[PDB]
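Q: Chain residues, written in single-letter form:
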Amino acid sequence: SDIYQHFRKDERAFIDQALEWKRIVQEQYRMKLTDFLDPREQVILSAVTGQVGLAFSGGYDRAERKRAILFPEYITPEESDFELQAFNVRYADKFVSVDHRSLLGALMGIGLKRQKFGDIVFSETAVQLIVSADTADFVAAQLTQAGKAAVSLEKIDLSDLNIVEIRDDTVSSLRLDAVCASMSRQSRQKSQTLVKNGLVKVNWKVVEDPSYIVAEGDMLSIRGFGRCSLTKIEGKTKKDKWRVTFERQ
Amino acid sequence: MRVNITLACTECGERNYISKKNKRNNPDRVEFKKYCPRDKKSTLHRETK
Amino acid sequence: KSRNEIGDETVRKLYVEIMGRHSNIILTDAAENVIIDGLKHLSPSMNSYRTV
RNA sequence: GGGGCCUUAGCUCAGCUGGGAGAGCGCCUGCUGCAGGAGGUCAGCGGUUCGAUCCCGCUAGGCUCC
RNA sequence: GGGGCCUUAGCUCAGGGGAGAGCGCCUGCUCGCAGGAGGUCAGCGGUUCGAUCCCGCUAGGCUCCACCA
RNA sequence: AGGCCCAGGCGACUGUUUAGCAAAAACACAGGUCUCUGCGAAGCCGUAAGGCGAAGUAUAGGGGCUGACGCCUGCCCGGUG
RNA sequence: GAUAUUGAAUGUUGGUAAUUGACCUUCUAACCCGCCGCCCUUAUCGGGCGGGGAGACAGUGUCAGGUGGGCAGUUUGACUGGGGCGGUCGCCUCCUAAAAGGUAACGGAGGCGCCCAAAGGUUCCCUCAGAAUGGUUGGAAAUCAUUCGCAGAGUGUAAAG
Ligand SMILES: [K+]
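Chains as they are written, first to last, in the UniProt record's numbering: chain A, 2 to 52, 55 to 166, 171 to 256; chain B, 1 to 49; chain C, 105 to 156.
If you are wondering where the hints come from, they were derived from the structure by calculation, not from laboratory data. Yeah, the Cβ is synthetic: ideal placement off N, Cα and C, and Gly gets one too. Errors might be hidden in some of the hints.
[Said to hold, decoys possible] Here are the computed distance ranges between Cβ atoms for each label pair:
1. C:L131 - A:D11: 32 to 42 Å
2. A:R195 - C:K117: 25 to 35 Å
3. A:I173 - B:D28: 26 to 36 Å
4. A:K239 - B:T48: 48 to 58 Å
[Claimed, not checked] Pairs of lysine-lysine, DSSO-like flavour, derived with a Cα cap of 27 Å:
5. C:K105 - A:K203
6. A:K246 - A:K197
7. C:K117 - A:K116
8. A:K239 - A:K203
9. C:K144 - C:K117
10. A:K197 - A:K151
11. C:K105 - A:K197
[Claimed, not checked] Not the full set, but computed from the structure, chain A residues with beta-carbon under 10 Å of chain C:
12. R195
13. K197
14. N204
15. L206
16. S228
17. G231
Sequences and hints are given; from them, build the entire structure.
A: Put into structure tokens, the structure is as follows:
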């Protein structure tokens, strides 16, 4: 009841369900695997669960959408308890190209919910996707086209997964509106519109406060400029602006 | 920057000599052949660790 | 039909009045019928019926 | 009291520091917004000189200034 | 009056090593591209191997003081 | 045994105040609001016992600010509480 | 908050070899009642007795941390053409400084709070600035070569010597 204040009002929905997962693992003494919780929902769950222990794995290390195991003080989990299936996306690579937008659009097009798949990995040699094992056969059967490319899915082990723009700058403050303006190369008044409407996120939390102070190692997500990361804050200049470093995706 | 140091007779262990070096210029333990008045002869005296 | 700063679709009306001396080009919001700006301003002192 | 600056058309001020009295606004005219009108001893008075708001003489008045 | 701070390209700001970056403005190309435009680095005189970034002064703009009889 | 009138500032008003240089525009005020307080109330005095609060009980009691009445009382929760 | 006053049980979870911890709930008998009845007793005190409530909590003691101008003791520099404000406070060099030395002012100018493992020691050897004249790049100015050349250079760094 006195947890919601710490999160947003829309985020209440997840928090209610996150409390219902903790309820199970305490009383029934059994691990609860979840449906690839979003990077934000990782942060929320971590809080709602409390310290019921928690584990998280999205197949490869550095998956955005990862599935969480809520386990007690015993039954420390394995890599396959997360019920993850990796696939290699086969297509006529010489003729057609698959991009992240097309493959994401195709996954959604076959009716797959965002919670039923993790990250879509693009390397030089392979395009791979990670899904929940319960949906693996459905996705393999239905995902026959991505954009203009005819595609097929080959099952692989997680071990077979084939896993910047540094921009040293100065800002007046570490307010959100100031950092966005700097990163996105805009007027601050324009950046304030972005923040206020609800287009910027900070670690996948929608921050609508222009004056929110941004810390070192915060993934900002300006809808319109993509995504960028305050990696370094490096003291202050002669004329008193924060020496900073940005790295766009 | 430049720091205080002790040299110590590598024989008898007698902390015989303070001095100064620049650490950036001289980052590894300096040694010199300076008289130990315990031993009563020149010995190598190395910067104390 | 244009987009706003957030990316939402907005419709603007551009009125081009050919009235000699009083000719004007006026941009409005289509939803609110509110003048964004006009190439020539018309104060209430100049015209009691309509302000631009 | 002492210094300082201006007085100009209906109104308000330009005009180089003599080179030949103007603008804006208002007003009067016709047109359909336009041009075109009027209007001054350039505060007044009298020297300079080829012409003087213009140069100086010579008095108003108001401001600047302690 | 005194102190304290400021003066960089159109605009916003980076920056003892020979003055940049974005945006605007121009180049051709149709939400990104592709090269330009533009600087007495307030000024001055000097420290020196070179000064936007030393140092001393002059501007100007802000800021804080100018009290006690 | 009242001088009166016109106009303006301040305070609504009657009250109160620097005994002995200040009576006021200062205080109070009725009204407003905020806040604490479930009763061995909070608050306060006292080391405590014992008290006030109250022989009261949230329409009550304490504290802060505001000050009749009329119209009203905007923006800012980063800082501090 | 720990600990004493402070007990009994039931669970559950530690750690030692069945005892001792931790926490949850329950209990009543300590403790508490500014509740009721009865008595001491003509008594809104107090005490006793019996109910009831609450209960090992609270309260109180010791110890600990936090908060704490509510209160207490204090501190809050000197120079200074009055004090405040500004500036300054130790060290080095020069000038003032009156041809020994010393010498004041909120007198005139600058430095310092290091640096260097060689920029120290010694041995041997050497001579600098700049200019003229000639030179592919190459220019006033890089690199040669020639002549001239008390130093017009250099001496880690301020200045003087
Ligand atoms: K004096």
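Q: All the hints need checking, so say for each whether the structure fits it.
A: Here is what the structure says about each hint:
{"no.": "1", "hint": "C:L131 - A:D11: 32 to 42 Å", "result": "holds (36 Å)"}
{"no.": "2", "hint": "A:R195 - C:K117: 25 to 35 Å", "result": "holds (31 Å)"}
{"no.": "3", "hint": "A:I173 - B:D28: 26 to 36 Å", "result": "holds (34 Å)"}
{"no.": "4", "hint": "A:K239 - B:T48: 48 to 58 Å", "result": "violated (37 Å)"}
{"no.": "5", "hint": "C:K105 - A:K203", "result": "holds (24 Å)"}
{"no.": "6", "hint": "A:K246 - A:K197", "result": "holds (25 Å)"}
{"no.": "7", "hint": "C:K117 - A:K116", "result": "violated (41 Å)"}
{"no.": "8", "hint": "A:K239 - A:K203", "result": "holds (25 Å)"}
{"no.": "9", "hint": "C:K144 - C:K117", "result": "holds (16 Å)"}
{"no.": "10", "hint": "A:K197 - A:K151", "result": "violated (37 Å)"}
{"no.": "11", "hint": "C:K105 - A:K197", "result": "holds (21 Å)"}
{"no.": "12", "hint": "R195", "result": "violated (13 Å)"}
{"no.": "13", "hint": "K197", "result": "holds (7 Å)"}
{"no.": "14", "hint": "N204", "result": "holds (5 Å)"}
{"no.": "15", "hint": "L206", "result": "holds (7 Å)"}
{"no.": "16", "hint": "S228", "result": "violated (15 Å)"}
{"no.": "17", "hint": "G231", "result": "holds (7 Å)"}
Against the hints set out earlier in the document, violations occur for numbers 4, 7, 10, 12 and 16.
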